[PDB]
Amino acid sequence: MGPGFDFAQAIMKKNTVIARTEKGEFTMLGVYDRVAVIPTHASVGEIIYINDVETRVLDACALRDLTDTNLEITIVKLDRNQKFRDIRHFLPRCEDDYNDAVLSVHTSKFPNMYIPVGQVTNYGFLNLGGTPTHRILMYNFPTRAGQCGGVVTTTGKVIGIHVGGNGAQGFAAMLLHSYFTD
């Protein structure tokens, strides 16, 4: 509808796949080469389904900060025959607050879904399903089951992936450029 949704759509059309684990279907953000991210509560194993194709997992790492606190991001490398467009230059370098973000989801249940969530707060600490979690972004939209893995963007930046909510607010794990250096 506007330049926010334009940027969000460009990311969804080229850098997302549908990931299925034993814990369900997730939006999964491809970042570069065969490297994607997913919420850690997806419980990635040795095998994952990517757009309904059985795919070996070459590596999976549940990220924690240097206080040894959960970040709720799992970096996955996929035994896929195709690379993602490299979008690492759209990742923020520092923890920050944002205006005018969009949360975008693509699953069987919620195809081509875009939500203007508005102002995004650097919330920091959250007890997420009982797990102390750092680097949480918060937005005042009543997000629901089906939206985990959803991509949070502003014009020109990919800032987070949706990991939970409390019925009134939604919570995203930060994406930082430093997670994907090689």
Contents of the next structure:
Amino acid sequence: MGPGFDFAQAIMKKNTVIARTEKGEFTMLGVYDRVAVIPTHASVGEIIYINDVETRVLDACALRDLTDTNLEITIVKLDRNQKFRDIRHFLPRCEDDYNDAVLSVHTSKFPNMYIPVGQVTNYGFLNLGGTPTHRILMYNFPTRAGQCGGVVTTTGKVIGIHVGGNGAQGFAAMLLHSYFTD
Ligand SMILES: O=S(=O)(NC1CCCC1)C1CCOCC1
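Since the one above is the form deposited without ligand ST0, can you give the form deposited with ligand ST0 bound too?
First the chain shown before, then all remaining chains and molecules of the complex.
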């Protein structure tokens, strides 16, 4: 409907796949080459389904900060025959607050879904499902089951992936450029 939705659509149409693990279907963001991200609670194994194709996992790393605290981001390298468009230049360098963000989801349950969530707070610490978690962004939208892995964007930036909610607020794990240096 507007330039926020335009940026979000451009990321969904070229940089997302549907990932299936034993713990469900997730929106998965492809970042560059065969490297993608997914919430750590997806419990990625040796094999994953990518758009319903059996795919070997070449590497999977559940990220933690240098306090050895959960970040809820798993970086996956896929044995896929095609590279992602490189979107690393759209990743923020620093922890920050944002205005006017969109949460975008693409699954069998929620195809072509876009939610204007508004203001995003650098929330920081969250007890996420019992797990102490750092680098959490918060938005005041009643997000539901099925939105985990959803991409959070502003006009110009890919800033996080949806990882949970409390019924009134939704929470995303930050994406930072430093996670994807090579
Ligand atoms: O400076 S950024 O936040 N991150 C870049 C990562 C590689 C070089 C800088 C950039 C994000 C997109 O909007 C314009 C600013």
